Amino acid sequence: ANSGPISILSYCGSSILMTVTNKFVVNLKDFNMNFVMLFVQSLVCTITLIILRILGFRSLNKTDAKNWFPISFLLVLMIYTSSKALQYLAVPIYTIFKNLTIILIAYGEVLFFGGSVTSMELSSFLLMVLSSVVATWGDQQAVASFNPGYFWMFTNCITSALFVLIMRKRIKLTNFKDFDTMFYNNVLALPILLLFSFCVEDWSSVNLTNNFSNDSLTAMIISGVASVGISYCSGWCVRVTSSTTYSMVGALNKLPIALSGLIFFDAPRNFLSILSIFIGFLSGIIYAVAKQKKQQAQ
Amino acid sequence: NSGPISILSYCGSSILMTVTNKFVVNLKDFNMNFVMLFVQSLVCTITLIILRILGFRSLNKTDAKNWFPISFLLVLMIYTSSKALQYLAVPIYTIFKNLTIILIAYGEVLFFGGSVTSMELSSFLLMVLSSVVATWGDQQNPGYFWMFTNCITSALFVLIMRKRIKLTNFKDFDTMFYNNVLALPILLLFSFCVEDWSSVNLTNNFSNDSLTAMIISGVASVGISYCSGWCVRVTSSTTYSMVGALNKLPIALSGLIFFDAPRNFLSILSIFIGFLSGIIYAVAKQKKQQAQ
Ligand SMILES: CCCCCCCC/C=C\CCCCCCCC(=O)OC[C@H](O)CO
Ligand SMILES: CCCCCCCC/C=C\CCCCCCCC(=O)OC[C@H](O)CO
Ligand SMILES: Nc1nc2c(ncn2[C@@H]2O[C@H](COP(=O)(O)O)[C@@H](O)[C@H]2O)c(=O)[nH]1
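Taken in sequence, the protein lines are chains E and A. Going left to right, the first sequence walks through residues 18 to 73, 77 to 161, 177 to 333 as the entry's author numbering numbers them. Going left to right, the second sequence walks through residues 19 to 73, 77 to 161, 182 to 333 as the entry's author numbering numbers them.
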């Protein structure tokens, strides 16, 4: 019923459904306090599941909690490094290193389970690296100006890898089914999200209390409802496919949306940018073949 | 003489010519390019005849008609490459020059059959990555038509030569003599059609001293002349094109060690990326032998 390439279509739809909700349904999703919006998003996911539990799928522990706590902490730290990385580094460049993380994750999966990287798989990762670089090569955007941004990207790559890798390990160890992975991420996320909000954001009743009104709160539940899509499908994808497949599909997801921006809109375009897009598609096609050749072998 | 010996040889004769063109001969950016190559090949032919009568090689009529397309592929290869570079920056010219290694490699499958390893393709992507990064680390349309034409005449040249070499059991020396001899007439046809010949002007431009430079350039080109046909023969049309583009890197790393010119992190990256590419290529050859 739920295994194989079906999960990939879900993560994509829920990413696309979530991409569209933040840029159209929610006008200006560039909030003042990012960690509190995510705390609501995870609270919507939490409330949602308990209602579904009393109409039917998930469990609550003390041993699984002590083993899942690092995953949620990596998750939240993963977002914290990604936010601080993007304050100083332009998105196309951020994508470069975010596509380069696919390579260490792939070789990170070798050191966790054993599935060696096929020669054909590596060509894909080089193609996704190529694709972004050509896409940046087609774009615009003190000594210590570059400097802070590259530190935060290095730490995001390692928490992005340790997050998807160590989650997948504890999933297959405790036979977590999709719903438990979803429940344990959003619930154990609430506490680490609140610690990250108080540590990084400024809480002032005279100022920031007025900034989140009746209308913006409506935005966070709308966004939390959208985030129910991707929340379930990330842990489903990583479970049935791999930590590297999830990393690749996530990198691929951005392309059709960017290609949508090329079809559905009359904004100026670049050959180098249009190239990067089909280079990225060339990347995914080479990857899927790499998968068929691996499966038929053993 | 076979194996990785040809590869070290091609490197030495390239490195020697790079130094000779950049040190011994002051300003080799001459007025008439195909006339310099005609002397360069004129020196290479003379050298072979003296060597034959001291020892070598053969001279035919059937082989000439089959080697003639290879020579024309060469002279046109230079012509498009000159015309490519009139409109395109060197770093980009190299991007496309590296992209030809891919079609040359898949060109060998359609010419001989030895399929492209998945690991071999990674090396070619790494070489493309490297150059794109080297271009991304720099400053500076009709040139693109001529690059599309330099790429195909570079591939048809390297493939058909390696094909006719293996077809007529040409040895290194026969390949050297046939290339240098049959280029002479096609070089002169190309100079007369493209360069401006004026006694009142350009006859003064090639003096006794510049003529001395073209002969110094000719002695240097004997090295790379022998090793190109030796390398393509004992290794491959693809290994030749990889060794050729990889050669540019130690010269680039040389300029960074031996000179105080400005450098960029992107530049140093591209070089070590190119080195990683050679290493990956070296292994894919090892694994290709062990599997097949
Ligand atoms: C601003 C940044 C610009 C960034 C520009 C991109 C840099 C790409 C560098 C390296 C390739 C990635 C590592 C590839 C590792 C080599 C392959 C390898 O390990 O091959 C043996 C393998 O086990 C056989 O399958
Ligand atoms: C403006 C310039 C546009 C060009 C830019 C494109 C850059 C990517 C290059 C080549 C893709 C190669 C496609 C062919 C992939 C075949 C894979 C292969 O040969 O695999 C080995 C085989 O399975 C063993 O049996
Ligand atoms: N697995 C997992 N990933 C999440 C969760 N919520 C959001 N994501 C992350 O959200 C990103 C895609 O979300 P987007 O901003 O496009 O809606 C991915 O990096 C994905 O890992 C969650 O609870 N679990």
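Simulated from the structure, these hints should not be mistaken for laboratory data. Possibly wrong hints are sitting among the right ones.
Stated by the list, open to error - DSS-like cross-link-like pairs, simulated, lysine-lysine; straight-line CA separation at most 30 Å:
no. : chain 1 : residue 1 : chain 2 : residue 2
1   : E       : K328      : A       : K328
2   : E       : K326      : A       : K326
3   : E       : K329      : A       : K326
4   : A       : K46       : E       : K328
5   : A       : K329      : E       : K328
6   : A       : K328      : E       : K326
7   : A       : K329      : E       : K326
8   : A       : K104      : E       : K329
9   : A       : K86       : E       : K329
Hints versus structure:
Distance check on the hinted pair: E:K328 and A:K328 sit about 18 Å apart at the alpha-carbon level, within 30 Å; holds. About 24 Å separates the Cα atoms of E:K326 and A:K326, which keeps this hinted pair within 30 Å; it holds. For a cut-off of 30 Å, the pair hint linking E:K329 to A:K326 stands: about 22 Å separates their Cα positions. A threshold of 30 Å between alpha carbons decides the hint, and for A:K46 with E:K328 the separation of about 53 Å lies outside it, so the pair is violated.
Note on A:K329 and E:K328: the hinted pairing holds, with a Cα-Cα distance of about 18 Å set against a maximum of 30 Å. Proximity of A:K328 to E:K326 is assessed by CA-CA distance (about 21 Å); at most 30 Å being required, the pair is judged to hold. Between A:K329 and E:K326 the alpha-carbon distance is near 21 Å, which keeps this suggested pair within the 30 Å criterion. Annotation: proposed proximity of A:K104 to E:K329 is violated, straight-line Cα distance about 46 Å (limit 30 Å).
A threshold of 30 Å between alpha carbons decides the hint, and for A:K86 with E:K329 the separation of about 49 Å lies outside it, so the pair is violated.
Checked against the numbered hints listed earlier, the structure breaks hints 4, 8 and 9; every other hint is satisfied.
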